[PDB]
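So this first bit is one chain, no partners, the form deposited in one PDB entry, shown in structure tokens.
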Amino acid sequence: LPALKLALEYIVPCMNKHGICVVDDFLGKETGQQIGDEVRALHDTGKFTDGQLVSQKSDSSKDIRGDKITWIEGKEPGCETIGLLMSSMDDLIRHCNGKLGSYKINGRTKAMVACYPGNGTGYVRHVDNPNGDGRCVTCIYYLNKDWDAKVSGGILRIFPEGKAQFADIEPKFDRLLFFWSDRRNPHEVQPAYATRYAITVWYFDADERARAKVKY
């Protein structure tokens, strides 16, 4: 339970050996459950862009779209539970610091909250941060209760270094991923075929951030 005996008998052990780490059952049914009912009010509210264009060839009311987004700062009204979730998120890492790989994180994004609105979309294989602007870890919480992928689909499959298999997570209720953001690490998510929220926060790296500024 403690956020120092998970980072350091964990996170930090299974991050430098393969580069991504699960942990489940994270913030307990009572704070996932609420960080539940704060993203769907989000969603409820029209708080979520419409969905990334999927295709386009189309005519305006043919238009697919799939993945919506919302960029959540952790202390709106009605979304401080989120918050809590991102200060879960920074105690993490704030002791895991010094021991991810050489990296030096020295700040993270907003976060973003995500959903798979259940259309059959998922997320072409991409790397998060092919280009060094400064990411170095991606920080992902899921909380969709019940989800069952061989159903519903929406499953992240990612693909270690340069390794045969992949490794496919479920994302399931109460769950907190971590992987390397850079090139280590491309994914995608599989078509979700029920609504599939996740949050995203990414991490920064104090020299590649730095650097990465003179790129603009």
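Residue numbers count along the first chain shown, from 1. Rigid core here is just the name for the largest C-alpha set that superposes within 1.5 Å across the two forms. Compared with the form deposited in another entry:
- The comparison between these two forms, aligned on the rigid core, picks out a single residue among 185, 33, 152, 52 whose CA moves by 2 Å or more, and that residue is 52.
- Residue displacement note: residue 63 has its CA displaced by at least 2 Å between these two forms (rigid core superposed).
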Given for the second form:
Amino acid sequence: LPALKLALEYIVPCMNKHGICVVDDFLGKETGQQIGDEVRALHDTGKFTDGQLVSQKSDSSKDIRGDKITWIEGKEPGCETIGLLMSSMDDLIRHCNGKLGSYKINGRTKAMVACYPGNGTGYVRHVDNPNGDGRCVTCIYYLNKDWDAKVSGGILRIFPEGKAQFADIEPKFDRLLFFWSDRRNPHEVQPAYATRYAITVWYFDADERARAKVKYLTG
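Please could you give me the other form, the form deposited in another entry, since above is the form deposited in one PDB entry?
Shown next is a single chain and nothing more.
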């Protein structure tokens, strides 16, 4: 879909009013299935490792998040369609320049390709960026063609601050999701009983990310 209109007339107002925005049928069936094949190839060839946390304490990571992940830049062989997804994500964000709150978005993370391998795995309630690490927008693409959340679970439940309802996001095939990464949107991945895939990038606010980098580089 043309990025300019999608960004300015839907994503921007959705995000400013609600902090959450769902765009269904983002890339179409053919591209979505190609991304699925690339993700399944990453899985099959042993690329995924246990998802990690910002700060590590005495606890096992698997008591917090049960997924296995790899990071993708988009130019690797066999990841070209994931790269197209990332470019489309970036195109929307660039068309939102200066319209998403007061943020100045200048960069992002690599893509995290994540799998909850059924078996009841999930992610306890958490905030993506609680202490100012620079992340302002979480962007997730789901690619689960036959997912029936009523049986397989895996719903992303977001608890947007100040709202009278929470937001249940089924991990639907070809669904794109945006939400503010900060404390306004605590969220949990409810237990998954089938293999569940999602691809996330986090967009950085320039000033906050610069401060977080200064903190890291000074110890």
